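> What follows is the residue order along each chain.
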Amino acid sequence: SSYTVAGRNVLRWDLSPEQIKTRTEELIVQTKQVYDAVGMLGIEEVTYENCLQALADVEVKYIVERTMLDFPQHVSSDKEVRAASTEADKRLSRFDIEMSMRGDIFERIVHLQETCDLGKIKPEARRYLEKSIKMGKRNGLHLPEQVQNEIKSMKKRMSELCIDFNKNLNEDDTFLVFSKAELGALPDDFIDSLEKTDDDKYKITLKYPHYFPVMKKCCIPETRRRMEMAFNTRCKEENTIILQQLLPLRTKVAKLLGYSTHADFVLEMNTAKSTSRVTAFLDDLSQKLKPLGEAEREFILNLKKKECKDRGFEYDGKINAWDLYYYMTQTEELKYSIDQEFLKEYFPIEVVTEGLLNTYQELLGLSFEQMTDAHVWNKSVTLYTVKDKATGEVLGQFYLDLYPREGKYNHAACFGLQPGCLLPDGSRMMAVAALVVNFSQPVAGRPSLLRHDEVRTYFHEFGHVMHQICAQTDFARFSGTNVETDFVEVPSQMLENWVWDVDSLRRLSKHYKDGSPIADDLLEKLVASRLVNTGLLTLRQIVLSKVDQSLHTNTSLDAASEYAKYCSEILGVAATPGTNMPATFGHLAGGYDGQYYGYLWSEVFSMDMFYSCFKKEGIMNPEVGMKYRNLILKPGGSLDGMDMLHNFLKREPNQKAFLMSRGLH
Amino acid sequence: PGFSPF
Ligand SMILES: [Zn+2]
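Going down the list, the sequences are from chains A and C.
Position one of the first sequence corresponds to residue 15 (the authors' numbering), numbered consecutively onward.
Position one of the second sequence corresponds to residue 3 (the authors' numbering), numbered consecutively onward.
To be clear, the hints were calculated from the coordinates, so they are not data collected in a lab.
Where hints are given, some of them may not hold.
Going by beta-carbon spacing under 7 Å, a handful of chain A positions derived as facing chain C [to be verified]:
#1 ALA427
#2 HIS478
#3 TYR613
Heads up, the beta-carbon is just placed ideally off N, CA and C, and yes, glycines get one too.
Construct the entire structure; sequences and hints are all you get.
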C-alpha cells in the first residue's frame, strides 16, 4: 500500500557467496525469457502491452534484484561476499550489454513508436520511447552487423576494466608506520586511537579519518610528504594498465558511433550539450579565480617560510603537494579564527543527525522516524522511514552507514537501492536509498564529533537521499537520481547552503558536555569562512575537470603527465614526481567519465535557486520548499534538467547568483 | 550519486 511500509522493502542483506552466485544466474534466465518473448513475436504483433509494458515491467524487477547482488561489494564485512558481489557485478554488466545490443528489440520499439497514437499514452511513456531509441542509436544498432559486434566487444571489456578499477581502490590496505616524534602537533585523542606496533610506533591508514588529520595538523614535513606519496600512488601499477586500455577503447567506440571524441559522446546527453561550452566554462572560471590563486599562493608561501624559520626546518622555496592542506588550515585559523578541532565539540554525531532530519521535516514537509531492530548489512547501520507530513503517504526509506571499516567504500556517496516507479500491478514501489560516508569515530570517551566539513558532506549526501525518495515516476529508468550526470549534483549541493546559515547552524549545534550553543560572534566567524581558500580549492577542482576533458578528447597521452601539466598551469602547486593521481581517480570509472565538470556546472544552478528563491523568501519557508520538492525532486528523470529549472525559477538560469557567491564579477 | 574528492 502507498500508506503502509510492511512488505515494501524487499531487500535482503543476509545473502551468502553461494546464494549471490545462484541468484545471478537465476536473474539472468528469468530476464532473458522476457527479452526473448518480446524479441520473438512478429513486428506486426507489437503493442503497448506486450512490448513497452513487458520491458518496463522487467526493468523494475531486474534493477531491484540486481541491487542485492552488486551493492554488498561496497558495505559488507566479509571479503568473500565482497568478492562474490564484484564477480556478480561483472557478470550482470555484460548481460546488460547483450540485452541492449539486441537488433530485434530495437526493430520493434522503433516500429511501435510509428504505429501508435502518441497523444494517447502518458507523456512519460513517449519519453520512454524516444529515449530508448536514442539509447539504441548510441549503441550502434543502426550500423552494419560486424560494427555492432566490435562495439559490443569493446563495451564488455570497458565494463570489466571499470569494475576492477574501483575494486582495487576499495580493497586497498596500504598503511604507514610513524613514531610519536614523527606525529608532531597531532592531538592525543588521534594518536591514542591508533594501532601500536612492536617498535612502540603507530600505524596510519589511508582512509579519510586518518589521511586528512595528518595532512592538516602534522607539523613534520617528512611525515606529510610520505603520507601524500602513499595516498596518490594507491594502485599506481595496476590501475595505470587499466587506464592505458580504458581510454583508447572509449575513443575507438566513440568514433565508430560517429562522434569525434568520447567527451563529445557523453556530452550530448548532458545539459551542457557540447564540449566547446565546457572548456569555455572552465577556462573563463579559472580566469576569474586566477587573481585569487596568486594571492592565496603568496600567503601560504610566506606562512611556510616563517614556520621553517621558527622550527628550524629547511626551506625549499616551493609549495609542494604535501604542504597544501597543512597551510590552508592555518589560513583558516589565522584569517578567520576557526579551530576545526574545537568546532567539532559542538557537532556530535547525534545532534547533527537530529537537527538535519528536523530541518527537512519542516522544509520539505516530511515525517522521519527510525526503525528498531532493522534488517541491515552491518550493526552500524540504522534505517529510517520517510512519510509525507500531510497525506501520510510512505514515500520511502533510507539507511545510514556513517562510519568507516575494512572493505567499506572509501569515499562518500549515496546509493539508490529501490526506485520509486510503478509496479506491474499498478501500485507504486517504495523507494530505498543508502547514505554511505566515512565520518570520524568516537574516541577518548567522547561522542563522534564532526568537523564543519564533515557536516557539509552530511548535508550534501542527504540531498541525493531526498532526491531519491521524493522522486515518483512511472518507469524505473526515469526514477531516482536518473537525470543528467552533470545535473544530478544540483539537489545535493543545493542543501550545502543550510550549513552556512547562522540560524540553521544554531539548531545543528550543541556542545557535547554542557549543551551550551556556539557563541554568537563565533557563528559569524564560521559563516564568514565560506570563502576561505576558495581560490586554490576551486582551482584544484578545475584541474580535475580539465584532466577529465583532456583524457577523453586527446589520444595518446600519459595520464600522469597530463595531470601534472594542468597542476602547474592552473593550480600553481606542482604534482609530486611519481604520484599518479589519475590512477586513484575513482570518478573516471564510476559514471563520471568525461562529465566531471558537472560539479562546478551544477553549482551555478543550485546557487541560482538558493539566492533567488530560498534566501529571498526565507530558507526555511515551506511554500518555497514544496515548490523545490515537486518541481526538482519529484519529476526525477521524467523531465529534462533545464525544464525543471525553468519551472522552478520561472526564467532562464545564469551565473549572477553563482559569481557573487564566490566573490567574482 | 557521489562527491568530489576532498
Ligand atoms: Zn553528490
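> Can we keep the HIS478 (chain A) interface hint, with Cβ of chain C closer than 7 Å?
For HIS478 (chain A), the interface hint holds, since the closest Cβ of chain C sits about 4 Å away, which is under 7 Å.
> Taking the least C-beta to C-beta distance, is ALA427 (chain A) closer than 7 Å to chain C?
4 Å, holds
> For the hint on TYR613 (chain A), does the least C-beta distance to chain C fall short of 7 Å?
For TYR613 (chain A), the interface hint holds, since the closest Cβ of chain C sits about 5 Å away, which is under 7 Å.
Violated hints: none; the structure is consistent with every hint.
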